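Chemist: Generate the whole structure from the sequences, applying the supplied hints.
Each chain is listed here by its residues.
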Amino acid sequence: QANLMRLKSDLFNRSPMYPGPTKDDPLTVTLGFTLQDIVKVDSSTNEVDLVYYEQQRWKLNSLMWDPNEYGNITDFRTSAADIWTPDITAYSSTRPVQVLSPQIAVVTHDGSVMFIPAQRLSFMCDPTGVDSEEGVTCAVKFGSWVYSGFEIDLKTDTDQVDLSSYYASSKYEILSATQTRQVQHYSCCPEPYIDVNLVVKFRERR
Amino acid sequence: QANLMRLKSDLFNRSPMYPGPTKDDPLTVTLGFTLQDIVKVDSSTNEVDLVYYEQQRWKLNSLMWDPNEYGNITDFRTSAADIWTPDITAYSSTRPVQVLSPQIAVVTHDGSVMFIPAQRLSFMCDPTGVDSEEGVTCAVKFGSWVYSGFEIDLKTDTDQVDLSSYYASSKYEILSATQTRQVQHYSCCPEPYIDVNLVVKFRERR
Amino acid sequence: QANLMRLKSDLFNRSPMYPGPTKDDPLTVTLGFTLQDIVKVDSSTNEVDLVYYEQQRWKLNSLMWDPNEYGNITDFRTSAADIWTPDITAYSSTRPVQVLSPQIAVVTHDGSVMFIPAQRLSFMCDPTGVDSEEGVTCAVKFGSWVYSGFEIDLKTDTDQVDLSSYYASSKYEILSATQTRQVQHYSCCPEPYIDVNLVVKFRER
Amino acid sequence: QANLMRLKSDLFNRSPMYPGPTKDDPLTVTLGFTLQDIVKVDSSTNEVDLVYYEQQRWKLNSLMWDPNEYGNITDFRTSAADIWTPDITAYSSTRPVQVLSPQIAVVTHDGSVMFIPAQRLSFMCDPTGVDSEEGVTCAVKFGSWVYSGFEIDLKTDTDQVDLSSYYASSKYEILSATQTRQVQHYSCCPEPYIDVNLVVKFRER
Amino acid sequence: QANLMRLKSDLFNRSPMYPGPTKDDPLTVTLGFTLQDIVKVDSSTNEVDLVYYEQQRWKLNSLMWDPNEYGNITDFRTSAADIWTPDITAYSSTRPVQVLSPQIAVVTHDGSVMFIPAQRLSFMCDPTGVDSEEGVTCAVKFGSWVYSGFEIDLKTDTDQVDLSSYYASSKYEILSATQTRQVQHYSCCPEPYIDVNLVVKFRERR
Ligand SMILES: c1cnc2cc3c(cc2n1)[C@@H]1CNC[C@H]3C1
Ligand SMILES: c1cnc2cc3c(cc2n1)[C@@H]1CNC[C@H]3C1
Ligand SMILES: c1cnc2cc3c(cc2n1)[C@@H]1CNC[C@H]3C1
Ligand SMILES: c1cnc2cc3c(cc2n1)[C@@H]1CNC[C@H]3C1
Ligand SMILES: c1cnc2cc3c(cc2n1)[C@@H]1CNC[C@H]3C1
Numbered sequence: 001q002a003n004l005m006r007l008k009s010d011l012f013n014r015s016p017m018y019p020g021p022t023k024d025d026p027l028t029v030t031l032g033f034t035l036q037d038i039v040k041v042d043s044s045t046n047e048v049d050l051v052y053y054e055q056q057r058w059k060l061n062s063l064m065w066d067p068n069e070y071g072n073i074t075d076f077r078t079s080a081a082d083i084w085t086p087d088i089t090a091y092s093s094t095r096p097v098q099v100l101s102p103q104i105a106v107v108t109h110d111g112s113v114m115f116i117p118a119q120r121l122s123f124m125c126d127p128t129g130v131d132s133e134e135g136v137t138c139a140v141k142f143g144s145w146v147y148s149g150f151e152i153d154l155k156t157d158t159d160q161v162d163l164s165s166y167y168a169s170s171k172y173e174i175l176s177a178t179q180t181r182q183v184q185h186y187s188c189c190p191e192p193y194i195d196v197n198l199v200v201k202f203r204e205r206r
Numbered sequence: 001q002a003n004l005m006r007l008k009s010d011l012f013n014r015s016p017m018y019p020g021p022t023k024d025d026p027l028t029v030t031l032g033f034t035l036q037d038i039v040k041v042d043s044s045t046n047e048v049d050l051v052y053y054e055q056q057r058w059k060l061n062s063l064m065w066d067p068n069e070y071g072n073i074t075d076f077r078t079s080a081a082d083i084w085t086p087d088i089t090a091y092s093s094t095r096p097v098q099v100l101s102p103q104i105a106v107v108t109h110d111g112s113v114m115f116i117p118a119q120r121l122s123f124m125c126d127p128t129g130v131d132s133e134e135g136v137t138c139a140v141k142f143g144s145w146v147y148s149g150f151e152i153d154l155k156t157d158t159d160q161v162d163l164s165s166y167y168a169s170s171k172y173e174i175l176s177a178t179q180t181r182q183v184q185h186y187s188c189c190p191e192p193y194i195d196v197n198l199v200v201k202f203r204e205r206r
Numbered sequence: 001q002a003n004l005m006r007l008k009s010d011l012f013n014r015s016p017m018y019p020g021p022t023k024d025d026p027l028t029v030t031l032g033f034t035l036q037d038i039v040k041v042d043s044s045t046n047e048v049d050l051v052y053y054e055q056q057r058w059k060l061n062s063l064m065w066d067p068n069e070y071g072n073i074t075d076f077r078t079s080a081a082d083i084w085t086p087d088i089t090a091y092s093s094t095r096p097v098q099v100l101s102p103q104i105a106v107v108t109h110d111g112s113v114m115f116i117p118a119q120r121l122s123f124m125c126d127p128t129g130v131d132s133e134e135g136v137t138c139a140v141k142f143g144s145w146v147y148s149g150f151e152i153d154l155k156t157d158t159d160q161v162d163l164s165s166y167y168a169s170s171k172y173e174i175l176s177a178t179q180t181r182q183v184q185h186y187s188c189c190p191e192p193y194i195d196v197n198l199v200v201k202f203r204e205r
Numbered sequence: 001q002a003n004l005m006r007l008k009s010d011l012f013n014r015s016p017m018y019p020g021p022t023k024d025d026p027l028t029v030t031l032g033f034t035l036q037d038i039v040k041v042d043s044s045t046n047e048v049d050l051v052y053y054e055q056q057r058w059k060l061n062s063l064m065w066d067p068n069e070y071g072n073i074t075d076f077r078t079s080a081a082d083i084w085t086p087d088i089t090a091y092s093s094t095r096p097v098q099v100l101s102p103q104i105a106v107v108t109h110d111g112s113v114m115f116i117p118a119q120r121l122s123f124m125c126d127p128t129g130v131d132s133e134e135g136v137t138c139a140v141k142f143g144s145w146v147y148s149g150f151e152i153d154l155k156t157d158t159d160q161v162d163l164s165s166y167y168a169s170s171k172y173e174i175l176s177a178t179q180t181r182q183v184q185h186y187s188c189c190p191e192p193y194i195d196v197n198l199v200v201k202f203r204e205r
Numbered sequence: 001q002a003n004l005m006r007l008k009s010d011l012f013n014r015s016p017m018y019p020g021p022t023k024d025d026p027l028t029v030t031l032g033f034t035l036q037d038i039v040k041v042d043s044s045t046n047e048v049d050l051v052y053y054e055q056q057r058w059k060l061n062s063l064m065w066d067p068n069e070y071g072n073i074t075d076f077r078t079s080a081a082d083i084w085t086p087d088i089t090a091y092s093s094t095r096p097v098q099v100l101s102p103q104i105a106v107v108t109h110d111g112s113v114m115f116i117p118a119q120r121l122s123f124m125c126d127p128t129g130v131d132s133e134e135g136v137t138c139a140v141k142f143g144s145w146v147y148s149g150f151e152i153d154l155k156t157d158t159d160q161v162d163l164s165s166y167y168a169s170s171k172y173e174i175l176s177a178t179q180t181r182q183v184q185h186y187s188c189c190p191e192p193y194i195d196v197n198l199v200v201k202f203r204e205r206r
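Line by line, the protein sequences are chains E, A, B, C and D. Okay, so the first sequence: first residue is 1 according to PDB author numbering, each after it adds one. Okay, so the second sequence: first residue is 1 according to PDB author numbering, each after it adds one. Okay, so the third sequence: first residue is 1 according to PDB author numbering, each after it adds one. Okay, so the fourth sequence: first residue is 1 according to PDB author numbering, each after it adds one. Okay, so the fifth sequence: first residue is 1 according to PDB author numbering, each after it adds one.
Possibly wrong hints are sitting among the right ones.
As the list claims (entries may be wrong) - In silico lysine-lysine, BS3-like type, Cα no more than 25 angstroms apart, as pairs: (1) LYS40/A / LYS201/E; (2) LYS8/D / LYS23/C; (3) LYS155/E / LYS59/E.
No wet-lab data here; the hints were simulated from the structure.
Modeler: As structure tokens, this is what we get:
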């Protein structure tokens, strides 16, 4: 501005879009969940509804630049449409995920992208024994839908889910939450697919 | 990398889109269902809700290339908008199907496309006797909406539906699931239309 | 394909889109309903939900061609966005209609288009007496929203609705179904508007 | 068609879009409601659902033409996207309005536009006493959201709402319906904003 | 209006879009809420639904002009798509916000923009004790999702929410409503993020 505008122009207008990773130049996405609320539980259909936001990080050479060339600009915000983004998907979802945040990411001079969408998800979960002291445990996998391990790998900075933002007066208390990496194989396809498995253990509030 | 982008450009930017099959150059789509959950049953309206993903395969000359000409590239992922896709449709649906996965397909050097959309479908089904030991049986046909047998044929690699991914703690147990090919005639039109008939037999979990 | 692609290109890329009918060059749409299910009935709000598919036919000179010029091609499928389509609308709908089928039509060398969208419609209907043996009767008009009789006419191949595809195990049995043409006048506008009136008579099982 | 296509092209392709009214060149929209059904009433949240269609008229110099120059064409239908339209909005709505009709308007040689969207609206209304003989009364204002009196004025051809199209077998009977013009002031802004206040009085039966 | 068209053309057609604020040229948005109705309360999931409209003001050099050059034009209305707008977001929302108004803003010769979207929001709130005389209190933060304090600051013209437009016959009476500015830090990010905290205290009508 004029610097930022020129920068954005150079990356997006002058180049073709990054065509996604491949076996030859694969990519690693760092996931991390901040759980906000277990909004509702349906014991007649065994689906439960979570609200959270999911931090995604990755890095691309396509998105690098030299700050001195662009008015000492270290980073910028941009629409998620302007860049490639990973197709992280909830495998046991029962309804399409609802986006609760804007679709804007941060890009930085070293090509690192950060993107943190807020979501509401309804996923498969049997709440039997939520009323008990012992509580009930449910799990849901997040991972690329189309990209194998050989193109997209996932990692977590910590197995502990971020519960510091959980709703004080929720109907359900969280006993524990876990974000652990996994490998899976499916009947369609020879290659392994990577996913981060979100496992929550919860119960009704006294 | 550059090597790909060039490929994608050659297939999509330089050519006009494949205009769909015709009697002269017809096409065969291979369908296959992985049932995930029978989410809910409504006995007051006789509609039942399934979550699954539906594997679609087909092949086009339009999409072929020579790997040596494109940096030894065997295959790639792309948006479903970038290519023609078949109009497989649930004939007894009561509500529009909801897409639970991204709209990305895999294309390969020999022109083979694979596309596996995850869906939630509400279809016509009378659950009377779901509580019994015997269970209740329901069926729904999938097939092209507009393309006759003479333009689109359907086939299955197996009559057995893939239940290996079914939800362990679902409200309903699957006794059996079947994907069998069928031929049908409709009053509008002289030609026969092909469909794969999904037949599931299920009951409450006891 | 080479042939078909060229054909499609000539009709759509090289010409401007058909700007809809007018008084001078009017047209006639043939409607026909295949009722599939009466899904639900709400007696607290007097709305009922139907699932069906609605066959639409019409013909345009804009869409004609000579098969010999295009590799003996008699007809083809295409997206509904690529062509003009008629604005048939349910006058007593209480919620926007939901499309249950793809938006693809068939065009033929003589300019005839066929298009059969599958729909779910919620329309105004008082089900009082649906539980009785006598059953209850409800009606809903379908017709162009903006085009008068003088631009769009409607006709039916038969007054009998196609119930051969109705759901065997539906909560409601169909006693009868009727698709009859009508003329209507509205206070806004001098001209008459045409509609096909769908009348169904049904009850619980 | 050739003629019509050329006309449409001249108005839309060759000109930039009408940039909306201003203080200097203000505009008057004529509103008129045809109420179809009071579909449902929720006494636990005090919202009620109406289905109707709302006639909008206005006139622009931008849209004028000479019929002799265009094959004696008096008028035509077109997409609502092709022209500017007014931002009439329900002030006491509790949910986004649902469009039940196509988005097509009629334009005429003297620059007059007519546009009649069918809608379902959920708005704020306490139904307490709907079961009584006396009935209950509710109101909802329609007016531009962003344009003051000084840019958009509203008028009504009649204070009587058009109930001739109301549903015979609705759960609720209409005792009366009124479309009266009003002026309002809001805390944000010095200028007055115009609205047409729809007031309905109704009950069960 | 020949004049207005030319003006609009000069700002939007001839220039590239304002690329959003940065640390170097930051921006201040003035928020203000007019609460219309507390429509419903769900005590089984602890979510409550508000209808309101939210006044947003800010100023940009990009949008300035000289009235003498454009037929003494002081201001104009335009689509929200034609200009940059701030990404104010409800942090404790449980469902995507629904827009109840048109997406039109007012721009003025000194570059000031005003934009007042009407919304329905479902947010996290425990209504326990709404039936009491004492009432129950709930809060929800509004702020940029992606822009730190260093790029977007928020302010309020008054801590008092505008209740003059509240629904006379609502199921719930408003005891008080507050729009107060706040600073927050999140685990992802070193910088502080600004939010205006909407705090309402209410009860059943009795
Ligand atoms: C870029 C993209 N998404 C973000 C999400 C958040 C934040 C910064 C972001 N930056 C913090 C503030 N906004 C909500 C969360 C936490
Ligand atoms: C290409 C395109 N679609 C796919 C869908 C799936 C898989 C691989 C795919 N590869 C497995 C993993 N993702 C969901 C399903 C099963
Ligand atoms: C052209 C356009 N739509 C059609 C819809 C159907 C059919 C033929 C069509 N042809 C029959 C077979 N497919 C579903 C319905 C009935
Ligand atoms: C142009 C635009 N909208 C219209 C809406 C209607 C009519 C004519 C129209 N002409 C009458 C017939 N169609 C529904 C209503 C009433
Ligand atoms: C520009 C943009 N949005 C506005 C919203 C409103 C108003 C003026 C506006 N001007 C007042 C009248 N319309 C609704 C609210 C209050």
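Chemist: Each hint should be assessed against the structure and marked as holding or not.
Modeler: So, going through the hints one by one against the coordinates:
no.: 1; hint: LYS40/A / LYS201/E; result: holds (24 angstroms)
no.: 2; hint: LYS8/D / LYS23/C; result: holds (16 angstroms)
no.: 3; hint: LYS155/E / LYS59/E; result: holds (13 angstroms)
In terms of the numbered hints stated before, the structure departs from none.
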